[PDB]
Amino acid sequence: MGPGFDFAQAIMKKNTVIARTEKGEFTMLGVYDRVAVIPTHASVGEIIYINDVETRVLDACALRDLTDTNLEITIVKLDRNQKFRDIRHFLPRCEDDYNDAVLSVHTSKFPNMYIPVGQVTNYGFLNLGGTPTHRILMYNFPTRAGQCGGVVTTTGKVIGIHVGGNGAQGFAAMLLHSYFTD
């Protein structure tokens, strides 16, 4: 409907796949080459389904900060025959607050879904399902089951992936440029 939705659509149409694990279907953001991200609670194993195709996982790493605190991001390298568009230049370098974000989801349950969530706070620490988690973004939208892995964007930046909610607020794990240096 406007330039926020425009940037979000451009990311969804080229840089997402539907990932299926034993824990469900998730929006999965492709970042560069065969490297993507997914919430760590997806419990990625040695095999994953990508757009309903059986795919070997070449590597998977559940990220933690240097205090050995969960970040809820798993980086996955897929044995796929095609590379993602390189979007690392859209990733923020530092922890920040944001205005006017969009949360975008693409699954069998919620195809072509876009939500204007408004202001995003650098919330920091969250007890996420009992697990102490750092680098959490918060937005005041009543997000639901089915939105995990959703992409959080502003105009020109890809800032996080949706990892939870409390019925009134939604929570995303930050993406930082430093997670994807090669």
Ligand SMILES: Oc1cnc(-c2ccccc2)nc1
The other form holds:
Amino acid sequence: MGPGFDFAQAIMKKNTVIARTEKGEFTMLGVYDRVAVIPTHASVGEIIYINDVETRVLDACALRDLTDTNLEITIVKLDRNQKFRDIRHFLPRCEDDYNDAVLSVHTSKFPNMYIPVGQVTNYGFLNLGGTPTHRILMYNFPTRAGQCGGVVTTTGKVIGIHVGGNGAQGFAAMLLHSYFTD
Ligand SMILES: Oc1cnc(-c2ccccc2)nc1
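Coords for the form solved in complex with the named molecule, given the form solved without the named molecule:
Everything in the complex follows now, all chains and molecules, and the chain you saw is the first one.
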């Protein structure tokens, strides 16, 4: 509908796949080469389905901060025959608050879904399903089951992936440039 939705659509059309684990179907963001991200509660194993194709997981790393606190991001390297467009230059370099963000989801349940969530707060600490979690972003939108892995963007930045909600607010794990230095 406007330039925020334009940027979000451009990310969805080229840098997402549908990932399936034993814990469900997730929006999965491809960042560069064969490297993607997914919420840690997806419980990625040795094999994952990518757009309903059986795919070997070459590596999976559940990220924690230097205090050994959960960040809820798993970085996955996929045994895929094709690279993602490199979008690392759209990742923020520091923790921050944002205006006018969009949450975008693409699954069997929610195809081509876009949500203007408005202002995004650097919330920080969240007890997420009983698990202390850091670097959480918060938006005052009543997100539902099926949105986990959804991409949070502003114009020109990919800032996080949806990991949960309390029925009134939604929560995303930050994406930082420093997670994807090679
Ligand atoms: O037919 C409907 C189904 N689901 C939703 C929906 C609303 C908020 C978050 C996610 C999804 N809306 C309408």
